[PDB]
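Below sits a lone chain in structure tokens, taken as the form solved without the partner chain.
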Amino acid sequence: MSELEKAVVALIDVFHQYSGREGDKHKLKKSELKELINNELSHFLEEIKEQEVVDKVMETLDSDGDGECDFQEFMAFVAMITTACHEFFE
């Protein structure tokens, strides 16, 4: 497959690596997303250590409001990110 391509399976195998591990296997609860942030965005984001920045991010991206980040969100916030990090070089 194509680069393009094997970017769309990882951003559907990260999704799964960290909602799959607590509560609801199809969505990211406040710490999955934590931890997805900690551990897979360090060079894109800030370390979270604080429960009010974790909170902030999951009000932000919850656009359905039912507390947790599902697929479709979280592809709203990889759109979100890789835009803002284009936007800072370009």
The other form holds:
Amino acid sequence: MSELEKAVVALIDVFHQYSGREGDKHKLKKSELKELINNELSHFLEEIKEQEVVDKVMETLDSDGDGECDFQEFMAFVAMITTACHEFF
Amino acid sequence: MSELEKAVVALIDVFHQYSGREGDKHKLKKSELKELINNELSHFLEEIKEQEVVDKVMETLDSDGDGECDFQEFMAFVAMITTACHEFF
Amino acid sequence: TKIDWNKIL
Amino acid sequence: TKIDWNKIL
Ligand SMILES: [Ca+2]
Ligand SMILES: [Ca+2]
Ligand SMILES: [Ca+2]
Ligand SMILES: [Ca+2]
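Now that the form solved without the partner chain has been shown, please provide the structure of the form solved in complex with the partner chain.
Let's see the whole complex now, leading with the same chain.
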């Protein structure tokens, strides 16, 4: 009901929208990660139009080295975005 | 404009609403943290009505040990909340 | 949804 | 606000 609580539900809701598309329903594979970014982060990140950007992003976010982005790794990605957003500001 | 982007702005907006109240405008002191929780997380966390809960929460979130909760430590707190939210579910 | 407090800490 | 990509990585 508060805007922060709305933010918490959004984080959960969007991760699962994408993670559940294919394979492990609790992790984002590259194609799921790419679409999440392109569809849902278009005001903060440049549309990914090259395979190697998809690959490099996953390499960066894939902290435990299993080829996918789990929810912990996703939150780290969100922390990275949110931090980078101020600054600017 | 997407709900995830809304979530990213909310995270920033609410942290600064509280962090800027007193002292260091970039960190939450105990009283700022307590009000953030009580005012903005009332559907996920029990209202803090005892000094020692305030103190223990700060002790937990204060990773670099400077007595305050900075934005990095705040995101960790959000990660903790969001993770705990499924499960349930 | 109370998600709380020892969980957490 | 493009926040991107090397920043990031
Ligand atoms: Ca998946
Ligand atoms: Ca992984
Ligand atoms: Ca402050
Ligand atoms: Ca600290």
